[PDB]
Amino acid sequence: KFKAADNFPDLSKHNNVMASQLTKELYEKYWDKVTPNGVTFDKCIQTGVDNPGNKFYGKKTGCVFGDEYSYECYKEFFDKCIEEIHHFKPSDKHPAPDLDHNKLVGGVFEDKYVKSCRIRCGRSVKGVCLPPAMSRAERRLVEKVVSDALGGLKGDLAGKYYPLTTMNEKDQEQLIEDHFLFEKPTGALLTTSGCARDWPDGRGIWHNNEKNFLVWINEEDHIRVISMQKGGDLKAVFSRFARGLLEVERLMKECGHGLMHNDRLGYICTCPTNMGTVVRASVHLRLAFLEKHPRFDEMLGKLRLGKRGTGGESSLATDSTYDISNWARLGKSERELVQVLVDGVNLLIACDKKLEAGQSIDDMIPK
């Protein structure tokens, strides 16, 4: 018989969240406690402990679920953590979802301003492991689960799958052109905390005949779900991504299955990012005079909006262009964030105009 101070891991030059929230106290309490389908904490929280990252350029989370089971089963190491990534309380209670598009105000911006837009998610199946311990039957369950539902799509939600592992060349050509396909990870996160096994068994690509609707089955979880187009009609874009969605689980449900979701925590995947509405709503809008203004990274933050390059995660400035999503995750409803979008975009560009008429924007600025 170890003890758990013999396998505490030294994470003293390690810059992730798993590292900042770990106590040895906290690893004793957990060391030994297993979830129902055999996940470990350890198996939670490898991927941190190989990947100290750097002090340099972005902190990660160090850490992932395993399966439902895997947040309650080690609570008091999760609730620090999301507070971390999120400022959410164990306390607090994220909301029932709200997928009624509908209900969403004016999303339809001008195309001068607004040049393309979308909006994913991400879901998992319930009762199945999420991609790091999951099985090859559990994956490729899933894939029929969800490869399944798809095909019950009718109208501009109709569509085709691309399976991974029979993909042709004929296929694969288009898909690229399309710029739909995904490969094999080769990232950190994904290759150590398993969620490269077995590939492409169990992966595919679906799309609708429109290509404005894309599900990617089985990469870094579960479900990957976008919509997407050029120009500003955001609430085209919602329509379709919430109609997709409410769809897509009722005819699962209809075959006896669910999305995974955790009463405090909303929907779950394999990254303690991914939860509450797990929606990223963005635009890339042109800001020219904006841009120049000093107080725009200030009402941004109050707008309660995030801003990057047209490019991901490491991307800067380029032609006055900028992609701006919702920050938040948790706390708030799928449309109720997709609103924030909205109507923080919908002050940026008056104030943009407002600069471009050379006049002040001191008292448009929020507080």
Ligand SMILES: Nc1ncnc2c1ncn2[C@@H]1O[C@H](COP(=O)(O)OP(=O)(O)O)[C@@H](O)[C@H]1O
The other form holds:
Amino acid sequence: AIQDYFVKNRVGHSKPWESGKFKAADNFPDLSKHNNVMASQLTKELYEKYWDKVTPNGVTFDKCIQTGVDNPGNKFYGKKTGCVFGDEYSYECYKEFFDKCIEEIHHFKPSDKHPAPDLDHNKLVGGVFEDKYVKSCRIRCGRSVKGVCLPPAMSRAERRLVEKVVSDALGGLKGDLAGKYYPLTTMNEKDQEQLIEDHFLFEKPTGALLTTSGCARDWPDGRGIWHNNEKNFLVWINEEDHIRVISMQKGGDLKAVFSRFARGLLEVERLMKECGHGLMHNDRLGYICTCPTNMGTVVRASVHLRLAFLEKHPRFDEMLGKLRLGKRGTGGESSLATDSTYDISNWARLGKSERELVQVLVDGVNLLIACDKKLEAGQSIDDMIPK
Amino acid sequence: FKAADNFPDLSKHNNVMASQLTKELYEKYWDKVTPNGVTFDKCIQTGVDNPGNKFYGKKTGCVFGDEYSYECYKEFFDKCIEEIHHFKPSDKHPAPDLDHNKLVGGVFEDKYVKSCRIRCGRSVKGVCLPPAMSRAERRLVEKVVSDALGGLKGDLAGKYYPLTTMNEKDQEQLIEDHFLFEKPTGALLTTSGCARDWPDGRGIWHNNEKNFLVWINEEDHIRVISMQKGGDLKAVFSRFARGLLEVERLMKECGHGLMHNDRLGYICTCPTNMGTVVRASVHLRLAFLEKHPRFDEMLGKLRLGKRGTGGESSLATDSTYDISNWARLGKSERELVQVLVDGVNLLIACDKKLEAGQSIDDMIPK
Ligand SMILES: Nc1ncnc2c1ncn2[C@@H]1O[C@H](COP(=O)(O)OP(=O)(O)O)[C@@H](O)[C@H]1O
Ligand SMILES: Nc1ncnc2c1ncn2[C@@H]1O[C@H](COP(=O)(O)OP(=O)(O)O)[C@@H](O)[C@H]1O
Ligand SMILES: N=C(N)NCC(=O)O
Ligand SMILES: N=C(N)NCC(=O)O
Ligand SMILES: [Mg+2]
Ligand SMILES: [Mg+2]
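Now the other one: the form solved in complex with this ligand, given that the block above is the form deposited without this ligand.
To see the whole picture, the full complex is given below, headed by that same chain.
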């Protein structure tokens, strides 16, 4: 019984509901100056209904929305999500709040349901861009391990479980896919930094969401990178998410980056299976992760896209919004463009297939590049912007 | 999962918790929740997260979540205390001594000391401390403290300027003038939870002259501050004592109790701030000594803590250092200001020697 108490106090914070001198209203967050997806969808009503309810793992509602409280604004590009899931139970315990987020982000309604997997890279039209415009190509997705708490709340022991488990199965791969794990704890600074500068490694734990949600606890115990000799298939271990599987290469041959991601993902998902550990999956929303942007396919495919004329255009960002494309910096989400170059990728992840989402990138990329071209030639693109 | 599966990997770390945490003491406390729901992992997290320090000092690396934390994990917390304040489980904390008249010296040379400051933190009982407290409690503490503060009369009275309604430009000015606390980027502050919902329930109270001030809901519930330019510690102590008396009374009057233990004096977030929870500092100019191979060693012996011109999370600029009393537990207030003054006295002399092209080996404490 004692462990029950311990487990449900996992947070180690005072629970304002239990002893009764406070109403929910007395704890209601102040989101006056806030601009995220949680402060868009959170209603005093929802809070009153959700604050005193705790998942089997000790996760509380405030545990969830803490990063959106602590982060009203953004010094870079985009509007943040302002909330995380702490376990495999958080979406269900607070479904009426998370359904609304999922809608804003993915355009995926409470009545909606995730489609079957399509990883056929061969069904893909386009994907091979001129290297003048496209500097390199990257496809990544994320996965969680089943019955384990996610990063924001997972304890030390669970994280050491994950690293073992995953860095184990990753050694089952073979051929141009074989490779080696490199734990961050023994990695010296210069190597670490050179891997980040080169785009193969996750940043130092300085990101807002990373620190305020609690994915940077105990750093770097449990944090590591696995890659092949070519370093064109890499896996991250225990940063934002237990696993990120990453295909990438310089140039503009997306199609080849997808053909490999598809080849490596299927192995990894199978080997994980082959060791007895499943991956956190929901019937309605597919695959689950720390952030509600990372659901469904969890796929985000991007290019480094130099747009020297179109970026200066007034309706550039609008075009991105309608074309349903994120816009990040050269070095990532917490970075600004360089040399007029933007990381540009599919925004929605829930409610389309891997191939469908990669076709979106492709199709919108062409329009983005085709307009840069029109502009160069002292011309107009007013009609090539979606209505 | 046992306790041993979750024991922190402190291979690199350098701080008190890493220094005092045994596998044996982790197995015992790890599954022990306080009355308010605060855990042992909650308490030590800041130290696991923080193996090193970019600035001066070996850091603590652990905190109390609430008023029951010290008691719950006492076998581990008594070891951290002893390292810091040189205080034993058998010892007791003396009766307060706020009489600045018994003070010897405490009026240094304008050449050497640009300003003085005396502060202590206070904790409102009945509610959790900044690391574990809800928005509900923090709003509660803020209302209760700013009410009582209306009570101040004379030259001490001032206004309460809430942080949520203060604009970034006033805020930046108060910090650069050393009055207000720094933006929430400190490793202790963030990794210990003290910056959740920031700035909800945060603010600073201060008189007109801005020589007497109060911090509300940064690291500790309350912090009481006296400071001024020049080198008249004895005056700042004079003022400090008055106001802290008035403050405790008013709080006592509103039927609000501060977290106190008959042995360990007053109790706050960090085990560095117990007892008198007092830090008396001078901004010291040391152009000659600072280059000496035994400098830091002298401070250590003198029980002086070293900090930068901007506070804890800064280095010294302009050969000017934030020198202060290291301990707070085990000695009255008067005694610690005497330790501060006596050390600052020595430091100044030594500087003069080195400047006169002279040596200071016999000056270094034995
Ligand atoms: N198309 C691309 N080509 C090369 N590197 C990329 C591309 N897109 C992103 N990256 C790199 O991947 C790293 C991860 O950035 P982030 O936005 O945090 O990605 P993710 O969403 O996969 O976590 C960054 O350093 C970034 O430079
Ligand atoms: N002796 C002093 N004279 C003038 N300003 C001081 C003195 N000591 C500290 N300060 C200022 O007071 C502020 C307190 O910050 P810090 O030292 O981090 O916290 P604490 O007040 O708890 O020690 C800092 O801005 C610092 O510049
Ligand atoms: N989780 C992320 N890294 N990005 C999406 C967001 O911040 O809302
Ligand atoms: N309480 C503090 N702010 N500092 C003391 C320490 O972290 O050791
Ligand atoms: Mg990322
Ligand atoms: Mg401080």
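Numbering follows the first chain given and starts at 1. Only the largest set of C-alpha atoms that superpose within 1.5 Å between the two forms is called the rigid core.
Checking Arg139, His101, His261, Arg197 for C-alpha shifts of 2 Å or more between these two forms, after the rigid core is superposed, gives a single hit: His101.
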